[PDB]
Every structure is written in structure tokens, then in C-alpha cells.
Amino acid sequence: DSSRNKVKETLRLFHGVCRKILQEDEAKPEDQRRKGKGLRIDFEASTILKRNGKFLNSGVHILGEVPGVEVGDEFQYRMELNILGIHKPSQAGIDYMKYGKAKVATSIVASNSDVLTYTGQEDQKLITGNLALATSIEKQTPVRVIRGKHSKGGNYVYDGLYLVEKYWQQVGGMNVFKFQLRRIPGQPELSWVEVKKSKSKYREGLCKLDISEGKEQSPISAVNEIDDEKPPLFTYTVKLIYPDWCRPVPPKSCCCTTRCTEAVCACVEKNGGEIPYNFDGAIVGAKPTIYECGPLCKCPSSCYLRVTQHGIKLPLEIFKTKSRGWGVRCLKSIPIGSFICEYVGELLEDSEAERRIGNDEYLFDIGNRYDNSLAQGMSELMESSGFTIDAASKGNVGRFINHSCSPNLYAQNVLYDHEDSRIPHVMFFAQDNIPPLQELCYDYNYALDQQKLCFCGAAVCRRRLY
């Protein structure tokens, strides 16, 4: 609830600190850098959050559901599990707590879909963690299972609550304990099961293979498992449509022959003397404006300042919701800070967009969307436009992204093929590690009374869309 938002914002803060530390290391000459030394940005970020009182459920073990943590949630670092109190050991696979005179397991990190076999702990002994997991069988107390998928992206997934049914002992060439767990009925489906079904021959609800019809480099399918509706009529466009008096003037370019770096390069200077992306392509954090290198920059395509201009990289699809029409999701998980897509449509003066008929549901009002909340919290740890994008008649997949009061995306202004700040590119970025098939949403930011109810379903919902 408030708990859900607290959890998400705590993880967001953590990754913000990680990527700021990394940004500061990447700003150094490639021998003053510590990443080789075995810099540990997750460890350092964890220490910073700890000293500033940001850990949740600290000093206590929890049996069963953890408030604000949901089945399917993903984590990049094991340390995130400790920050949230999901799983306390930094390395050990089994976490446990006192229970009556005994100890029972609270959580395991694990490397017929409701059934799981888990390997324990040079013979293994029935002590500590192994003994606790064994005791879970007798008490029939719940165990949280965190599944390791195997580096940016979700590496761990919360798969929910399980019961331990039995254990046995076998040669691993020394002796090991093995445990069989079974998922408690009534929980949301495992995300790996949902993904498996989405990859099927006969996948239910498939309406259209490609709503772009060949224009996108990768097809964007449409799925409807709710009703018989097919996707709405519109002309798919991967290119912005400019008025003629707004066609791009050649921007200032940089003379760098190698990839651009900083804390010489004009484009680094545009960004305030720093690189707004990490070297792995993820955005460090939202800013009012990001300047990418342009067509005449001497730098290679691999330039750290060339990200959103390369277009969609993720496998997107549109799908039917029960109460908000069509929305957008991704067939795989999305690492925090990843570029999603642009909001593409016709660029119009606000007055022109307003005058036109039938387009009100597909307008992106440019400007005043930078949220500096995170920048502020992080500092504690250590402009307007007269233009609108009309995607009603002509637009890309961006027109289908719904609103949420607790969104997993945000809009980011980007300039690269021109310097006209009145009409920046509107680029969406992830602000969570997003589970596969989770609906993608951002804050529409409509002012109330300039009525329509908000159906985003968040616990902190502001109740009205406008």
C-alpha cells in the first residue's frame, strides 16, 4: 500500500545510489578507476542506506508475507533482499528464525510447477539452516522462495510462499541434504510460468502479429484474453511528424573520435559536465533534459551518449486490460534505467492540438514533467513548452501506455538531432526492475478539472484521471 510504495522507492533509491557511485567511477581515467580493484557499488550503496536509516524491517525476521513485497518482484543484487528484510544473509541460501523452542526457515534463495527441489547448506550436517528447513516440515510453516535466474537486470525473483514436505540425504562427491517444497495454493501465478505460456505455439488471445506491420525493426503483437475486441484503428508511425516551420536545424556536434566520457567534449558540456548514462546504457537518473550525441558527432555509434536514438530494443506487445482498454507490456524483464520507447506522433502547437477533433485521449503535453524527488533524497544520502504530440491518427506503441499513480516508467526529454528545446523527444525509461509481462505505465500528470475516474488500482491512487 503505502508499504508497496515504500518498498519500490527504497529499491529505486538504492539503485540510484549504485549508479551514481558507478557514474563517479566511470568519470575517472581508466586506471584511477576502482571497478578493477573490486569496487562493490551494491555494498557501498547498502552501507549508505543503512547509516541513513533506510532499511525496512531491520532488526527483525518475518514469517510469511512481507508487506509491500509481491510475487514476481525482481532484484538485481542479493543485498536488495537484506535491505527489504526479505532474506537477511548476504551469501547463505537459508534464512531462519526462532519458533517456539525450535527454529524454522523464513526464506531460501534457490538456483509440476508448484514443486521445487532445493539443495542444502565435507558431509553437510543437520544444523543451522538445514536443521531449520527440516523443522519447517514438522511445523508446516511458510517459506519464502527467492529464485535465482542464473550484471544489470533482475537476477532474483520472489516466487512466493512454499511448504517444506520432506527431506533426504544423498551423495553430491560428498554428502548433501535435499528438500522438497510445494507452493501454497491461491497465490498469483509464477512469472516463469506466465512467460512460458507467452512463448507457446497456441498462445491464447493473440490478435495480431505486428501492429506496426513491418515498420518497427521488431514486431509488436497484440493479445486479448478479455474480450473479442481487436486493436483500434490508427496509422503506425516510427517517425515524428514536424510542422514545416519546425523542421530540425543542424545541432552543434562534438569532435570526439572515441566514446564520450566526463565527470573537450561539447556534448558532455551540454549535459552539465557529466555523462547522464552509465557505460552499460542505463540512465543514471532523470534530469530536465538529456543531450545525446547527434548525426554529425565524430564519435562512434557505441558512444555512451547514444542510447534512445537507437530506438526500441525490448520485445513489446499491446494487450487488453479489464478496465483501461489496451495497454503495453514487455515479454521479458526490464532492467531499471532501460529505455522503453518514444512517444511518437504529430508535433503540434498546443492550440492546434486543442482545436482538432477526436484526439484528446492521445495527446502528450510536452514540458514540466521532470520529477526531482529522487535527486533530492539522494542529495540527502551523500522548463515549459507550447507544444504537444498528437498520436491519435498517427503514432507508435507509446500511444497505448496507460496512466498509473504508482508508475514503473517516467518521461524523459532528450535532444540529439536538433537543439530545439521547445520540442524535445519524449523518451520513456524504467524506474524499477520490471517483471516480465507487468503493465508499463507513467504519470499522465493531468490537472484535475482541467471527470474520469482513475482505474490504475494502486493503493495510493489519486482516484481521478482528470
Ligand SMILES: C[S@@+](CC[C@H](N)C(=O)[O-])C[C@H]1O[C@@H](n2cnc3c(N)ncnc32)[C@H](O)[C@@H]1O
Contents of the next structure:
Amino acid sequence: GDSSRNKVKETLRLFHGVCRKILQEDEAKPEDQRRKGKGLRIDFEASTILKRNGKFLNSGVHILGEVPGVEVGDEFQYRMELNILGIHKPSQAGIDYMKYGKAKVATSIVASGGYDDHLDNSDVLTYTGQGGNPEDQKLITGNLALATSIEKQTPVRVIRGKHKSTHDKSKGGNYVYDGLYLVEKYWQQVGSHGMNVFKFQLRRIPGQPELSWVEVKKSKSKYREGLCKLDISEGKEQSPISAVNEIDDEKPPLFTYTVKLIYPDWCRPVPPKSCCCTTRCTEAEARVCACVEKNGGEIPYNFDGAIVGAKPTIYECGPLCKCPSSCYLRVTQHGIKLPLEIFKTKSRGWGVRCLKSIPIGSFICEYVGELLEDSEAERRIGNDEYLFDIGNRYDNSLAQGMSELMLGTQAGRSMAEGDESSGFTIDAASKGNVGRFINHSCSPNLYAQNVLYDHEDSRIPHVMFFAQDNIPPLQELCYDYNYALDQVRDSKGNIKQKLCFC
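Given the form deposited with S-adenosylmethionine (SAM) bound, corresponding form solved without S-adenosylmethionine (SAM):
Only a single chain is listed, so you will not see partners or other molecules.
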């Protein structure tokens, strides 16, 4: 069950990983011969790659009721994700159905705003049938199945998609699994083609985790009476980070806010080698870029700014690089570009959330504090509580896997660990940014990535949090603990040891 949840999560992570890989390969090609712009569907190719390696879930079956591992509020960008998970099989069509006896009943529906659906209440939904749009709608296939579901009283999965404008700022939050509904009644009515249209009333089954749009709603409206401060950054951030509490009159804890890292006095100034590019640094350009070569001959970012894959170290263009700030190799240096707020949690003290959907691979924020040789946990105040041991270790198994999917080739297994000579740690107990409020979780939606701009000392990189899920709005932001690299978390979330190195 938990085991199921992790299979789903990792399946979606794999899928999007492949998507961004295909995308990076295309961005590496010159403007003129890029497949993007000329009818490229990364969703289809990613899909096909996963299906080839037997990575689909619930393949060859229809699920009625709850798909194991799929929870209310889960977000998708592509209709295709629903297919690989078995949530909804058709790539396009709104209605999915299956045999339930000799009759056919609806497994799942998609309300994307194609027809004039009414989703006005949290509780109840009016769903337009499907028929050519000029003939009257026929009561067959999907429409029939949704009708039969009424007598059979068999639940229906409801995914609502946000209205898709080709304005298309993003695909973040494109589909939300809203959950399980019963079909109550259906009628015929004239629909705006001048021909008759079917309509189905669905009622959400009680006792389900409540709808997310209802939570952006409860949250949204200005009054925000939970506000403790408008801007915890106190103007040091291009946008205010507000603090809210609806569980108390607790003010957030006191600290000096900082956006820049405090190095010690002894930590040598080490300027880094820079690139000479006139334009934005890409693999596409005829002229080679020193910072690209530094990243192993690949842009570790997509053009929208998403990290392509985790890496031991990511090199961004420095202050003495000659490229415009719009350079794709500038992402984490530009600072926070999401609406963040800190909030009181019943259980966990103080936490960080985002009030909009965060697409997978997105940059969140830096863990800013003052940097200390690990030797000095001598301080005594920030014990654990506002402390971040800078990650030294790495394992190439995941890259080995992504590699196997995309090329059929792996590098040999290798693992890295920082010498105990220098571990470094970031203390935010006294000074830090919003990153200091991020809590820890056994199932995180954030992971820490080391980036180097400013300097080349690889023992004191910047810690940049990225997103490893499509994160629903208001979902709490959390990252996991460092780990020993001999130990890994299995399906049930228990610590085991990695299989033989070989």
C-alpha cells in the first residue's frame, strides 16, 4: 500500500526524467533541426520507452474503484501519465469503461473543459456526455457506460484538468485526481450545436481527503487572517514571503534573514574559470562554452529552467562569464521565483509551502545560512534544528538506470564520498533564508543539489532544493536525510542495504 505509493511516485519520476532527457537531446541540436516546433511529442516517446522496459503499472487491465498508490490531490501534466499508471487508459477521450458483468460501467472520467461541464460545487459535478460536435448524442460506449454506472452504483474516478489555454504558461497542475464519485441521474438536453446532449450528475463519495482546489480556495482570498507577517524576508527578496497560522497566535521564530551565504574569514577566495559566450550558453551553438564542458558536455537544465537529472555537482555560469542573465546555465543564482509562504503545522513546528502547483524538476530555494567546518557543531544552539550537513556522497545507480532506458548502455558503478577532512555544514539557527524552515520527511518532494557558481571549491557548493514531484498547491515542502550510501529505502519506506556492488 505504502509500497504501492512508492511504485507510483518512482514511475512518474522515471517518466518525467525521460521526458526531460528527450527534451535535452533536442535542445542540444541547433534551432533549425530541432524536432520541437515541428510536431514533437515528448509524452508519447517517453511513454513508449517506459512501455518497452515494462515500466507501465496495471498494464492490460482496467481498474474499478481505487488505483493502489494513487491519492486524492495528485497532479499530472500529461494525459499519458494516467495511462502508464492505469488511472485512465484513453490518451484523449473523457470516458473510460470496463466490463462489470455482461454490462459496461465507467471506470474513470476527465473533465478538461472541452464540453460545457459544470464543476461548480465541491460536492457535485455535471458531466456532458460525448458525441459528435451534427447528430444527436448516442447512448453507446462511454455515455452508455456512465448511464449503467447509475444502476450498478459503481464508483467513477474523476480527474479534472485546468482549462487549457495555449497561452500555456506551463503544464504544471494540468490534471488533478479529485477522486471517487457515484453517478446519480442522467438527462437529455439541448447542447450548443442545436442537437441533443446527455448530462450526468455525479456526487463525490464521503470520507475522502478533501479537494485541493477547495484548499487553494479556503486559503486564497486576501483576508488571510492567519497572517503573522507580510514579508519574513523584510524586503530582501524580490517577492515577500508571508507567514501564516490558523492554529495559534504564535509568531514565527526570530532570526536575521539573509540571502547571501556567510563564509568564514579563512575560506580562500577562489574565482573560477569562466566562459566567453556572446549569446546564451547552449550545446546547440557552434562555439563551445567552457561551463558546458565543465558540466560534462551537457546543459544540466532544460530551457524552462527544470533540472534534467540529479548530478554530483552542477556548474552555473559565473559573474565573470560574458553571457546574458537569460543564459540557461543561470537558474539557481537568480533566486526564488515561486510564491512561497511559511506556515504553522499542527505536528511539526514551522513549515514551508507553495500556493501554486510546482512542476517536477523546478528550482525551489537555496539553503542559506552561515557555513562552518563540520568540526564546529561546537556552537550548541543550532543542533540539528537549523543545520544542514552539506552532502558529499553520491551513487551513479539512478543515472545507470536512466542511461539503460535511453541508450541501453551503463557506465560502471561508482560511488563517491567526501573525505572526513572537510565536511561542511550550513547553520541557519542565527542567520538564514526561507530554506531554514523546510522540514524533513521519509517521503520528500524535494531533493538537495550542489551547484557551483561564484567559486570552484567543491567542498562548499551551494545547496539548491529542486522538486522531484509535481507538487500540489499547499502541499508541504520536505527533504530527506543524507544517508550513508550503503543504505537505501525500500517500497515500504524501511532502511535496508543496497544489493551487491558487483
